[PDB]
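Each chain, written out:
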Amino acid sequence: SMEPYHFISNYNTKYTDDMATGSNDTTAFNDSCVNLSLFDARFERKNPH
Amino acid sequence: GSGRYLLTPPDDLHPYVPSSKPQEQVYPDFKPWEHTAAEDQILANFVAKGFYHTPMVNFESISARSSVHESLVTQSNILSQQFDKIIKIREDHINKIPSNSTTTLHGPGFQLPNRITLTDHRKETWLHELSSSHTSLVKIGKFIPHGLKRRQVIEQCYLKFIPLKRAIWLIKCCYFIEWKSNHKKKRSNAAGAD
Amino acid sequence: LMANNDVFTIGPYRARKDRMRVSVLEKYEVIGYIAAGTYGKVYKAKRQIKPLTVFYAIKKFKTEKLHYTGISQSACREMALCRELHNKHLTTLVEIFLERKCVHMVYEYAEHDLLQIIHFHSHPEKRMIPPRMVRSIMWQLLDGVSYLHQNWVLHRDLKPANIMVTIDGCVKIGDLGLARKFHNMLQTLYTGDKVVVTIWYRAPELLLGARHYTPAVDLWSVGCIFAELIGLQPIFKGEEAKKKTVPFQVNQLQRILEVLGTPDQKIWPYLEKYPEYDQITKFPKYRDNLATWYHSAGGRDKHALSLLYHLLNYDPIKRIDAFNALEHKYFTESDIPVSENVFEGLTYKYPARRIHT
Amino acid sequence: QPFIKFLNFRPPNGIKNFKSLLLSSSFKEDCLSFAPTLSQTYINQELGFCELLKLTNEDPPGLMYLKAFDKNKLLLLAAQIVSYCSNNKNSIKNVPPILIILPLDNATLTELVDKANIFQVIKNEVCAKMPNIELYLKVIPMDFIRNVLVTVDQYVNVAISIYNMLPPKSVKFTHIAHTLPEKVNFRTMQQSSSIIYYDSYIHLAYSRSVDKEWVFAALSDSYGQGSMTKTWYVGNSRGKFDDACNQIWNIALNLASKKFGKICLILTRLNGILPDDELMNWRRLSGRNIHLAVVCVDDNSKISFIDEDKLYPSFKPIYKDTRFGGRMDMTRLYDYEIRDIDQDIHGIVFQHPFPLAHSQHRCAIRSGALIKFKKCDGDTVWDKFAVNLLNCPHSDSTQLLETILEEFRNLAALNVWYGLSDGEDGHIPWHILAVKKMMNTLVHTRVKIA
Amino acid sequence: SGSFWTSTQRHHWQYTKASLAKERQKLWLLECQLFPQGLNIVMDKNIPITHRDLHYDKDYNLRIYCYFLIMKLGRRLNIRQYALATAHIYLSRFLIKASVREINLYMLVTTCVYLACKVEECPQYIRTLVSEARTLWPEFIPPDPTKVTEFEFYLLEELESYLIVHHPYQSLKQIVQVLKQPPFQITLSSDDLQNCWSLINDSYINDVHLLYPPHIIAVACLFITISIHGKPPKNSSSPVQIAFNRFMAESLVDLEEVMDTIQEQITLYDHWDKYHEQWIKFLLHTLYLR
Amino acid sequence: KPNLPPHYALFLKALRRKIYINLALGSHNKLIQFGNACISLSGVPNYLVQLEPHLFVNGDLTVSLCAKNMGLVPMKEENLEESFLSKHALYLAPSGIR
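Residue numbers (our numbering), protein chains in the order written: chain S, 169 to 217; chain D, 9 to 202; chain H, 22 to 378; chain V, 30 to 479; chain L, 11 to 300; chain P, -16 to 81.
A few of these clues could be false.
[What the hints assert, rightly or not] The list that follows gives simulated cross-link-like pairs (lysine-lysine, DSS-like), each with its CA atoms no further than 30 Å apart:
| hint | chain 1 | residue 1 | chain 2 | residue 2 |
| --- | --- | --- | --- | --- |
| 1 | D | 57 | H | 180 |
| 2 | L | 27 | D | 96 |
| 3 | V | 288 | L | 36 |
| 4 | S | 214 | V | 34 |
| 5 | L | 190 | D | 29 |
| 6 | H | 303 | H | 263 |
| 7 | L | 27 | V | 288 |
| 8 | H | 287 | D | 39 |
| 9 | V | 201 | L | 32 |
| 10 | V | 291 | L | 190 |
| 11 | H | 80 | L | 36 |
| 12 | H | 287 | D | 57 |
| 13 | V | 291 | D | 93 |
| 14 | S | 214 | V | 198 |
| 15 | P | 70 | V | 413 |
| 16 | V | 57 | D | 173 |
| 17 | L | 27 | D | 93 |
| 18 | D | 188 | V | 404 |
| 19 | D | 39 | L | 183 |
| 20 | V | 34 | V | 100 |
| 21 | P | 70 | V | 466 |
| 22 | V | 212 | D | 93 |
| 23 | V | 345 | V | 404 |
| 24 | D | 168 | V | 83 |
| 25 | V | 201 | S | 214 |
| 26 | V | 212 | V | 167 |
| 27 | H | 83 | L | 107 |
| 28 | S | 214 | L | 190 |
| 29 | D | 29 | H | 339 |
[To be verified] Partial selection, computed: residues in chain L whose CB lies under 10 Å from chain S:
| hint | residue |
| --- | --- |
| 30 | 16 |
| 31 | 20 |
| 32 | 222 |
| 33 | 223 |
| 34 | 226 |
| 35 | 263 |
| 36 | 281 |
Derived by calculation from the structure, the hints in this document are not laboratory data.
All residues carry an ideal CB built from backbone N, CA and C; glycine is no exception.
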């Protein structure tokens, strides 16, 4: 239970760059007002055909 | 140039080793022609003879029926357990988003919009900037002035006709920044005073 | 117990196939025989239904020049390579159609070739080609041969006949006659071809009978193309030759020597390993007149000289590949930009193709 | 699901776009404030562009404050809309689907059917003057417009309830992820009995009312992909009933001609009773085209297991005094997950077959159940959803029952993302809940044939 | 192995499993009205007749005989493996769009070996080719090479000029090149490299190459070889296995295709048991030489 | 099991009828069989109690109890007016017909 002044639609981000910037740049990806690992947020990436 | 060259790149493709240095990693099923040293050594040592490469493994063109015989009964469960271990390693390390924060139940990142020391001119125009219905969201959310008393926030909100969702965002932002500031300036932390 | 020529074979599968086909009298129609290829004839194809007139071309590989001779290597390699290779600088193969006897490929029809440009400049008014047009055409042809190089497929045919241009000035190197994919040579090149690209544009490795010629022979052909385009004459307009499986082209080597000069062990490291290197020792010893031969042309010096040095070098280790030739102080340094459309500012129609109706 | 605004979640299957037209007659001063904020909360999440409609005159856009909804004003409004459509001639096909939002002045059935009549009159007067125009109907209660306690964190759900009506109808907000399995289990030589090991199931739920007129149906993939929901008023006759039971199999085979092969459709009869006429129809229509597996489904707790223990379900110590567990998260072990109760279903497979809750002419084989606890402390009955297998195609029916339950849990968890119900029943699969909502709120209208 | 992405194999063939099933169903509905009679099989008179689907369709029973006969003609003529692999690809791509109860199989095999040897730059003249096809099979082949080359013409007609095809062997060479790096530092023994090459050589049966890229087939056969060499206390010992698990996981070559390829190899080695030359050879004999 | 033979579906009806008759006789004449129910003549429970017999596969003859909260209220002489008969649905009690 967070107090209801925690759930703010966050806009001050810094993920206006591209994906695969280096490796494991999830620190600037998981930004919201809940950690994404509280849902088991799995990435999906495959070699396409 | 006029048109872009043919460098033959891949489209969006994961290399065989992402840990490698970024310019000598071989993409899967992907090999363009490039001038190198072994090619000119072959050309130098193999004129007047003709060059062709016999394959690496001796005894090609033979079915593996009497080579891997009992791959059904005795030897399927080992394959199933090894592929289960590969699937588990994949789902638990390669794709799962790691929460690298040990403070609160937010994600890493998520900073509050930063307070700037603003005088009444730029704040007076910024509240008029909020009041329209065509303005952006990122550029406005990148900054918010401080010292905004609640009387002035609610007063200019119901006086300048701010839309409802942006007004709720502004009130929640003032709520959160006051809560974080007052939780910062706390000398004593007893059971009940936090 | 033995078989005859009446056993059960493909026969029923013909019938189920032969009711529903599409012919060259149905999708397209003919206009006029343009005499390009003697071995395989070329025709012009009107689309069968602002004006959007006839702009197609048919190659009809009737090799009998009877009862069903098979496909040739020059047709099989072309049908294997042209159908899947695709670029801005290649002729687009629209369709294959297989008639009662032979094969009918349909590509796009082009406005003119480079040989028609040289023949337009063969009238004795001598409209020497402006350097902007020839350097833009050179850039576009080198990008086309770059795409053809990097996908692991050689190109042992490069003549000004089978290099095209069009309206909007797009160079298309439109003939994969003798190309091959050299990734896994199960049989080497000398055991599979034994002769190469035509006499006026071959390479000194080929003239000295190399059995593992490297992919730089297209670069020598491109340099001969550019020397032809800068002199309005083929640079080595060679003389043809007559138990040895080669006629050796004993006059073409004399021509390419007396234009460029002799080699030795210091401009060519492994010529001693050649089959008939001693057969080069029966000529005189010329120095060069390369800068003099460029001096007997237009005055656009100091940057075509270095490129014609680098391309026309019989050091097949130190020859210059395509992507390292697309920056050689000719397209970065500019006084008018190299575009894709080569016909900007030049406002004349090099006239249309001679159609034998 | 309720964090869908506070995570900027956006649908994977692309956007759908429309143009809106609110059509109210009661209170203009509140719908003027309602329509732009709904269009703005539909634009502000990447769900397409709802460029709301605009006519010539002084009306604020996407609105027409009429009074006395009747024939002449609807005819003039249809003439106005067809004049707009004659104006905007040259455009793409997917830019113009339009929809009409009508406010229910009283959230009942007698005015829902009248607003449906009003929209049908508008579509009839529009279609004959111009074909190929495709407009739709959305209804909203008036209270939800003029209650000032309606949060703007709630319109988001209403926005999703437009996104599941646009003409790409069978592609919705999200579907099941199709993850890798837990155990690999390479299928070698069997054991060699007549076991099948199917590849793609197809779920179907049909029902028939107590009076023998209405037939409701819903069809879904094993991941909730190819959804169809339909209703047929058969009436007193028995030719339209055979026609509807043929069309159900028609749509089922139409979806079946999309997958691999070795495919087993599972048709579930609602409300216990499976009579003989429907069984004669489904035995006539079936064959070697597909393998069926009949299933009887019971929602109401006629058999009532009452739970009485204090120790196992560990939300009960946290609900008893809110300090028993009550501990800190120990935020260096931070690998947790917010697990919402009312969507934590437990599967039961009974030891012996059970009688059906109605129709004492046929018992079952291999009964099972989905069971959802109540978020409270102490002895109380738990909610349940009884599944009863009746006709298995192969042998080893217990494996088929466990596979049916493992598919039914996914089809139950899908029902919140689709706008089918709120967080009130995470135990019922979504197509059975759709059939139950239709046969709960649609049998009461009486029909006349003209 | 120039570039498999943006080639013609990734575009105009190599369809998914539902498209292959739909094309096989269209083939079945094409051959339905051809002969509803069946086959008059006689040995002891004895004349029963199959239903249209009891066997001799394209399910499993003749594919192993097809690969065996292609490989027999191959090692008789002594040409390299890439030509026979391309001939098997032409065989499968022709039998997808045409039935086998109307086409002489041995001429189709010799025709496919001829076309693949011509297009992969290792030519075989028609005289020695049809002489070997006569000296191995004294029946089922006419002395006229013109019938063989008309079969060549219609085979070029059916697979509509899509001749060149990338192979899993090149990607196997690339994988065993990249496994010699400081992230892994492993190398197989030459007997297990031959075992992986033989499994790739064996996987041209069982209808997998029309669905997946070839590097997935290379990774599947190499995984079967490595995990069947590693075991013949701790569970996942012999850290060649551990480095290969980390290579397959850390590289994003995806799963759920390798699973299908390994399961397809298992069902191929299951179907190899109930296989006999007698019934299928006699069925060919009574289907052509009645 | 998947379709009952027509002696088990009669044994169940006989057992249910025996249970409802004995339950009606044991009580003080205050409870009739409504048909798969036993509703009191007075309005004391104001719900339907339903006894459903069943026999399992190992021979465990059990009865299941149900309590349907329908609004079945008994009516009397002081209800035969328009205000009650206009908006109620009547039912014959020991059979279940309307």
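Worksheet item: Where does the structure disagree with the numbered hints, that is, which hint numbers, in rising order?
Response: Result: hints 8, 10, 11, 15, 18, 20, 26, 30, 36 break, sorted rising.
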